[PDB]
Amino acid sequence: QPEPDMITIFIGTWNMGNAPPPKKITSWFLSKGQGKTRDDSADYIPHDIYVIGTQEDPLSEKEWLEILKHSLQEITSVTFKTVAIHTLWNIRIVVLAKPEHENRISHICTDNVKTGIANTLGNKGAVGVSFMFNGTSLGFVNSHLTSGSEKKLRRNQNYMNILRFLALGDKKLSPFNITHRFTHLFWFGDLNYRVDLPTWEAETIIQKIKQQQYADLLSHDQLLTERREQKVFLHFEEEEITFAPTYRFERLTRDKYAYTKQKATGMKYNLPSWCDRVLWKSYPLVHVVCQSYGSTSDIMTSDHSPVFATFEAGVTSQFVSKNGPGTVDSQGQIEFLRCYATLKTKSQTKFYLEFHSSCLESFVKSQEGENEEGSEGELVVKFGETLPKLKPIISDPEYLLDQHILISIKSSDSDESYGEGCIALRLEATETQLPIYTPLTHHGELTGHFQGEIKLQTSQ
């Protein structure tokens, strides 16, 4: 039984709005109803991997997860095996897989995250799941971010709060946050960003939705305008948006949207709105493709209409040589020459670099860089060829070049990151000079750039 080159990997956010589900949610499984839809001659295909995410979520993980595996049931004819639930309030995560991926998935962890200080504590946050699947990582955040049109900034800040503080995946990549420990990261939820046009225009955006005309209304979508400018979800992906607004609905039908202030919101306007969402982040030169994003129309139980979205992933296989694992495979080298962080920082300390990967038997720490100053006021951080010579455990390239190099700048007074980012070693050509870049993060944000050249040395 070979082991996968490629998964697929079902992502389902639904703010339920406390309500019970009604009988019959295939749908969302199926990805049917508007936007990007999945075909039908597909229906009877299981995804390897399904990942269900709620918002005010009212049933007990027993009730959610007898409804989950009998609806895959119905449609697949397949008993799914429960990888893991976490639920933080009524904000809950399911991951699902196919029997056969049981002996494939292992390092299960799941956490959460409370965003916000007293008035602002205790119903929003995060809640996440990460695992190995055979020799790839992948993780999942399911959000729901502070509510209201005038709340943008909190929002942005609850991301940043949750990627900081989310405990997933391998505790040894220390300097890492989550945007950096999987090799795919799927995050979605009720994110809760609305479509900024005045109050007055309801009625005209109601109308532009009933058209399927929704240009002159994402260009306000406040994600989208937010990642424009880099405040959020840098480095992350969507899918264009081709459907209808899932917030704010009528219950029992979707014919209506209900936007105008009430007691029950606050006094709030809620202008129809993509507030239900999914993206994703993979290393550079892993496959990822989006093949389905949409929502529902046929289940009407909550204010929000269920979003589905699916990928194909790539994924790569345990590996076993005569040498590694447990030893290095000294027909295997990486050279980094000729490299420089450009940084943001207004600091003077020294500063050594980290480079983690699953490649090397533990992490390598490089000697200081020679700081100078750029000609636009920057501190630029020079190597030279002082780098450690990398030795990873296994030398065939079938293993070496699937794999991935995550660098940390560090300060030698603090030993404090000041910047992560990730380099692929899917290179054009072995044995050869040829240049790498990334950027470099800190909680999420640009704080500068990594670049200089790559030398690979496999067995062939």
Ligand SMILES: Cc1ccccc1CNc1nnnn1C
Given for the second form:
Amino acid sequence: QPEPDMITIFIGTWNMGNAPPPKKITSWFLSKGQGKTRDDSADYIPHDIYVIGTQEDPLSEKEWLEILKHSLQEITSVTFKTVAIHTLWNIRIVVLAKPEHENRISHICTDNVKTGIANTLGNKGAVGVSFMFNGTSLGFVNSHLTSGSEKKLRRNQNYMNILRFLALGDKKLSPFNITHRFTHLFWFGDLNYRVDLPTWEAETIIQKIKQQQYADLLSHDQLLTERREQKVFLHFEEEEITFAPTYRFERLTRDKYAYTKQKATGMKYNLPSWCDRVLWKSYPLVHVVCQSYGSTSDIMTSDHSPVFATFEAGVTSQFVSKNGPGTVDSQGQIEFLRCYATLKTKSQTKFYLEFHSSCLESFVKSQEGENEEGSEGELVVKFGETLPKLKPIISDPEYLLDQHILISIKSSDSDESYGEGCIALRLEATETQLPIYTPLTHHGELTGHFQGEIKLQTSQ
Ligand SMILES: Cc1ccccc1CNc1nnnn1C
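Structure of the form solved in complex with the ligand, please, following the form solved without the ligand?
Below: every chain and molecule of the assembly, starting with the one above.
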């Protein structure tokens, strides 16, 4: 029975509005409703992995698991295995997988982050799950960010706290946050970004929604504008939105948006918004294709509609050779030529690199680089041809060309990372000097760039 080179992943996010669900929620898992929807001919084909994020979830873990499993069993006639479940307050994540994957999944981690301080600590934050699926690392984050149209900068701060402090994936990747630890990272939830238009325009917005004319609304969506301005979710992708705003509905219908200020809302307006979102970030040149992104039309217990997204995702096998794992394969090597880091820092410490990869027995520290002044004020750290030759555990090109090298540039004075990035080994040629490039980030913000050339030797 061959190991897969692709899987499909279902991501759901639903703010349940503290109400129990209706008796039937199958439309959610079938990607049916509005937006980019799944073809009917696929309805009985199970996804490999289902990741369900809820917010304002009033159910126990047991109660929700029973509903989810019975829902999937009805669609697919498969009894899914529970990989992980984790709840912070009323924010929950459930991962379910086909039983045939049970012995492909390992290294399961869960964590949560509570956002805010005093007043603002006690209901918002995030939960996450990570695991290995054969040779591929997968991370999943469900966040419930700060509410309210005038709090976009708080949401952005919530995002940075979650990616700094959520402890998932391989703890040996010490310089790297969750935005670098996984082959594929899915980040979803009630992100709570709003359509930034005047309150007076509420009825005009409703009109536009009834006409399925979303362009003049999406151009004011805070998440799209903040992402464009590099304020949040740097280097994440989102499918185009082609479904109506998923908040704020009158319960028990979808015919009415409930936007007007009420005592129950703290006298705040809730103009129709795309609060409920799915984004992802995958390592360079790894297959990932969004095959659905939409909202259900028939689940009406909450003031939000559920959102679904599904993905094809490339996966790799747990590779064994005669040599690695447990030794190097002298027929393999990775060389960096003429490499330099450009850093936004004002600091004047010396810097060194660390190379981390599961194709290495352990991470590799470089010598210090040579600091020069860039023309437009910046720090350029030159490595020349000084970088250590990396010795992969396996030389087979079917394995090595699918790997990645994480790079951290660290201060010699403090050993703190000033920037992290990632280089794919999925090269156009072996035994050939080829350009490489990654942006560098720290705490998920842009801090610089790393560029140079690579020369990869495989057994072929
Ligand atoms: C509503 C539902 C529930 C469980 C499984 C499938 C479906 C809809 N799919 C379907 N019905 N007839 N043909 N097809 C493709």
